[PDB]
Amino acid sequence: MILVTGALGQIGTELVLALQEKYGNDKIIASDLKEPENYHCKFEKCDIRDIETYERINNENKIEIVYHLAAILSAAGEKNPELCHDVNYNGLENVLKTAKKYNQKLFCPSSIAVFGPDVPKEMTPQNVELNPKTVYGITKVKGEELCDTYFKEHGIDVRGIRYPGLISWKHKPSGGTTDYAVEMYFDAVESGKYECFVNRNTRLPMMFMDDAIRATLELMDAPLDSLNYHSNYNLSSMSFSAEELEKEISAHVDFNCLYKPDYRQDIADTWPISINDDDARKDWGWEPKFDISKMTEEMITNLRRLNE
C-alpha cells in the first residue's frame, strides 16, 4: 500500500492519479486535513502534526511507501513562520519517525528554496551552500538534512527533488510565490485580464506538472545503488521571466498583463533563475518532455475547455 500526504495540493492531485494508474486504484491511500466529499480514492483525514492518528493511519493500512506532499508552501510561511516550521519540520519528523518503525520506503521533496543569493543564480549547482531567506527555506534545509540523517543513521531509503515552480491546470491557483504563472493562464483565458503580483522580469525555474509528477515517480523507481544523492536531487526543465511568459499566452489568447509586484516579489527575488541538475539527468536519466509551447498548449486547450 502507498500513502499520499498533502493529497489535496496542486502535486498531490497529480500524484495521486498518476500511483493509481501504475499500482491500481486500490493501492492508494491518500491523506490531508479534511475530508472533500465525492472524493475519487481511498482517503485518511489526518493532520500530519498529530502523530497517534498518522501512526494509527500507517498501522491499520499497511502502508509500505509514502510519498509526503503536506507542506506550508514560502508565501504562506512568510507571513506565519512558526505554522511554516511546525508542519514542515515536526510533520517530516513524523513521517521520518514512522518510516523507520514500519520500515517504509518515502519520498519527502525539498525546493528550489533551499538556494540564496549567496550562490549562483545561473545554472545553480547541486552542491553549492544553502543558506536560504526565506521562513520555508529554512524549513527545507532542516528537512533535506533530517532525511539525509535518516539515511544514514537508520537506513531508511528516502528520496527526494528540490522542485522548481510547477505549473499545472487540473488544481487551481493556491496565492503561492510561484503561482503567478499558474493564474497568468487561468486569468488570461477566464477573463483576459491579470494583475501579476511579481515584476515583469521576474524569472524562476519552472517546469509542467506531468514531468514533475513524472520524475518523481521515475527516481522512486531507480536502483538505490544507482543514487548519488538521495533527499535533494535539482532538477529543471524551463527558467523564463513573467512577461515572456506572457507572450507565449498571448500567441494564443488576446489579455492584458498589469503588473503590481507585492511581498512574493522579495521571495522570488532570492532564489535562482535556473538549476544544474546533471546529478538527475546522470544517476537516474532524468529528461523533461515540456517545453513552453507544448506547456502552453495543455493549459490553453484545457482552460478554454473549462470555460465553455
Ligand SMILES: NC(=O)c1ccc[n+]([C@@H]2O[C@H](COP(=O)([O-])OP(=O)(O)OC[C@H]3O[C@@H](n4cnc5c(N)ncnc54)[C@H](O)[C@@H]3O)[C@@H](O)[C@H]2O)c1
The other form holds:
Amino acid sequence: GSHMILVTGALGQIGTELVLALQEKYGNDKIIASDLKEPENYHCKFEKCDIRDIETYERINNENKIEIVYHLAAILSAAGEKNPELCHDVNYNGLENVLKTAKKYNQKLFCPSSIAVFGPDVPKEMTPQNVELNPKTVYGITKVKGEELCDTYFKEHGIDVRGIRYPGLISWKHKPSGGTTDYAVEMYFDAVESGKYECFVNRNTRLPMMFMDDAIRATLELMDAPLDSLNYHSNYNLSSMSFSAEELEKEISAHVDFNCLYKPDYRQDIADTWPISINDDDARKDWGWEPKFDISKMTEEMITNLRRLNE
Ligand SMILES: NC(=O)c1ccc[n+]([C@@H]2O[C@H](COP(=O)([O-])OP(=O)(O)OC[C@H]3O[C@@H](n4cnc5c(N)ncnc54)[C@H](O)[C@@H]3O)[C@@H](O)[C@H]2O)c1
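Since the structure above is the form deposited without nicotinamide-adenine-dinucleotide, I would like to see how the form solved in complex with nicotinamide-adenine-dinucleotide looks, so please show that one next.
To see the whole picture, the full complex is given below, headed by that same chain.
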C-alpha cells in the first residue's frame, strides 16, 4: 500500500508533536499534515482543510492515497462552553466526515476522546472504564457522542478506529491555548518567563494529567497493537499523574523562584465536574500501557527547555 498517514488538527498541542513522532516512525514522506491555515515555516507536507468541508477532505485523502488518519481537529472544553454551536459542529460533524471517509476508503483511524466524558455522578477517584457518561460540558457531550459513533463504525462498518480518553496534557513545544487543563502548562511558562503566574483555577484543583511524551507514545502503542488484543476501541481510559495546582506550584518552586496567585474563572466550573484520577487498567492489560514521566521528570524537561527558550 501507499502507507500514507494524514494528521488532522496537525498544528495543535498534540499534533505539533505527533507529526514529528510519526515522521520518525514511518519516514517523513509518509506523513501529511492538515489544519485550517497553511503555516509559514513548516517541514511537513501540508494540505489546508476545514474538517467540515467534506469535498476538500475527501480530495486530500484520495489524492494522497491516505490509509491511516490521526484525527486531532477539535474545539476543546473551555472554547466549547463559550461557543457551544461551534464545538458541536466542528467536533461532531468533523468526526462524522472522518468516519464516512474511512468507510469509503477502508482507512484505519485514531480519534481521541477526553476525561471530559465523565461527570460528578460517577466516582471522582480512579474512575472506572465502564461507568455512565453524563458530562456537564458541551465538549464532553461531543466526546461521548463521538465515542459512540466511532464504536458504531467499528461494530457495524468494520472500521478499525481506536481512541484514548486523554487526561490533561502538558507540553512546552506549543504555546498554551488557555484550555481548561492549560493552567499546568501556563504555570511552567510564566514561572520561567516572569517569575509570576495568575492561575485560573483554585489551588486545590486536581485533575488527571500526563506529559506529552507519554501521551504520544500511548497513541502510537495503541495504534500498533494487534486488533484482536483490544477489548475497547474508541475510548480507553489512560492515566499517569494526579496532582493539585498548588502541588505543581511547589514542584516548580523547587527549581525556579516564582509568585503564584490564584484567581479562578469560568474554567473552574468545568474542572470541578471532572474526575481527579482515572483507572486505566484496561489499557495497561490489553496493550501494555505504562507511563514513564512522573511530576519530577516532567518538571525537569519543561523547565530545561523553557529556560533555553528564554535565553
Ligand atoms: N491537549 C489535551 O489536554 C487534550 C485532552 C483530552 C483530549 N484531547 C483531544 O486531542 C485532540 C487534539 O487536542 P489538542 O490539545 O491538540 O487541541 P488543539 O486546539 O491544540 O488543536 C486542535 C487543532 O484543530 C484545529 N481545528 C479547529 N477547528 C477546525 C476546523 N473546523 N477544521 C479543521 N481544523 C480545525 C485547530 O486549528 C487546532 O490546530 C482533540 O480531539 C482533543 O479533544 C486533548
